[PDB]
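Below you'll find only one chain, the form deposited without this ligand, shown as C-alpha cells.
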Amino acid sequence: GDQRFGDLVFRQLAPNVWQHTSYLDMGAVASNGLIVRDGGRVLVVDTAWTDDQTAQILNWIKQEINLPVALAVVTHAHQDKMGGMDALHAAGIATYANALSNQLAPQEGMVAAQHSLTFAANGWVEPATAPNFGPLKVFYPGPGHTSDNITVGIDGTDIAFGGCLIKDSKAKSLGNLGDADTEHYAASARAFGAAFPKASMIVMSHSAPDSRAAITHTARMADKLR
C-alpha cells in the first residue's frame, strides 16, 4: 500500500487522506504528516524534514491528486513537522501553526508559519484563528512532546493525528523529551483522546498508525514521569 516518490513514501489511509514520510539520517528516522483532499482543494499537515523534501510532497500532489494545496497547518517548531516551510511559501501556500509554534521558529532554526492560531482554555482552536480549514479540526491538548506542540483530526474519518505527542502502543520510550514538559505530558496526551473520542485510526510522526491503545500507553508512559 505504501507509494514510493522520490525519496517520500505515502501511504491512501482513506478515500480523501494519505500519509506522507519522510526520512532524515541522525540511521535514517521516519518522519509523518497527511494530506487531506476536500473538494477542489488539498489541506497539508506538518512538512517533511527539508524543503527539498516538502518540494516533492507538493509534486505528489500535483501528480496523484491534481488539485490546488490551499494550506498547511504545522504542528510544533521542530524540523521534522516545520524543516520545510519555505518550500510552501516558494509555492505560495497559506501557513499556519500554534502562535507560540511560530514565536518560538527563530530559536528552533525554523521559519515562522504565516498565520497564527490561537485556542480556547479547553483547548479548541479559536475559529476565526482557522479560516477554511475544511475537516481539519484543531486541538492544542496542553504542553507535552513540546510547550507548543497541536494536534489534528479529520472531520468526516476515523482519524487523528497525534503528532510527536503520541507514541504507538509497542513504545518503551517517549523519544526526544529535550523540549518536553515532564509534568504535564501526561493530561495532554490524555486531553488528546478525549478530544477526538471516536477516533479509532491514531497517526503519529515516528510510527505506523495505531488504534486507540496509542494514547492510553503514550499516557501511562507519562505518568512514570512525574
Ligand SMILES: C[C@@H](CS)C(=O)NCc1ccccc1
The other form holds:
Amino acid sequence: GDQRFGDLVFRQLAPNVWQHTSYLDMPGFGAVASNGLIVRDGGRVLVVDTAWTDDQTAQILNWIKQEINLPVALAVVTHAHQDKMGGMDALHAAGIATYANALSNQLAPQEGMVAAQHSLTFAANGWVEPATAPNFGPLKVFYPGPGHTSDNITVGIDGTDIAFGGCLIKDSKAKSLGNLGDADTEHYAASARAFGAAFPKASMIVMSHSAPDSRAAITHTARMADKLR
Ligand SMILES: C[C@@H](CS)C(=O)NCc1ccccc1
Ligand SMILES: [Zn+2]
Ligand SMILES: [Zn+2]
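Let's see the other form, the form deposited with this ligand bound, since the form deposited without this ligand is already up.
Now the full complex is given, and it begins with the chain already shown.
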C-alpha cells in the first residue's frame, strides 16, 4: 500500500523498486502529482527523477535512509522540466552523482533548472552510449525521439517487468497528453511507440502523471498522439 511520508507518497512496485510521488500547485490546474523511481541494486540505490522541489527531493533521500539505508549512487533525470529536475541542488548537496540527456543539461538554465553533473549521449538507434552512463546497473536508458519534449528520455529496469516512460506516456484511461507546450506534435506518436519497442518485455509501465499501468498506456498514448498530426 501507499506510504505517506511528509507531503510525498511512496509505493513499492517490485522487491527492489519503489515509486516516489510529489505534488506542486499549478495555479488553475490544482496540485499536480509527479512520479519517479527508486531502485535498489545490491548495496546501493539509484534514483530516476527528482521531486518538484529541493525540499521534497531531500525528503525522498530521507525516506531512502529510513526504508533502505544504503547509499544513493546516482540519479538520472528524464527532461528539463521542474517535476523531473527541480530538486537537482538537493541531490548535489547530498553528494549524489547526477545524469541527464546532454540536451536536458543544455536546456536546463533557460528552463529554470540546475543542470546535472554528467551528460548522457545517445546512439542513432536511441540507446544510451554506454560510456556516458557508467555504473547504471540495471537501468537501461533510451531516447525514444522527441515527444513530450525534445529531450525526453526513458528508462527500463533490467531484471524486472518495469519500464519508465516519464512524461511521454499517460495511462490507458487518460483523456489527453497534458501540457504540450514544449512537445514535438509531429513525432510524438512515433516516439511513444519507439519507447514500447525498446522495452518489449515490460508489462508494468510507470509514468510521471498517471499510476502504473499495463502496456495499454503505450498504445493509448500513441493513438491519442496520432490525433496531433
Ligand atoms: C507537469 C509539468 C511538467 S511535464 C507541466 O505540464 N508543465 C506545464 C508546461 C509544460 C510544457 C511547457 C510549458 C508549461
Ligand atoms: Zn515535462
Ligand atoms: Zn511532467
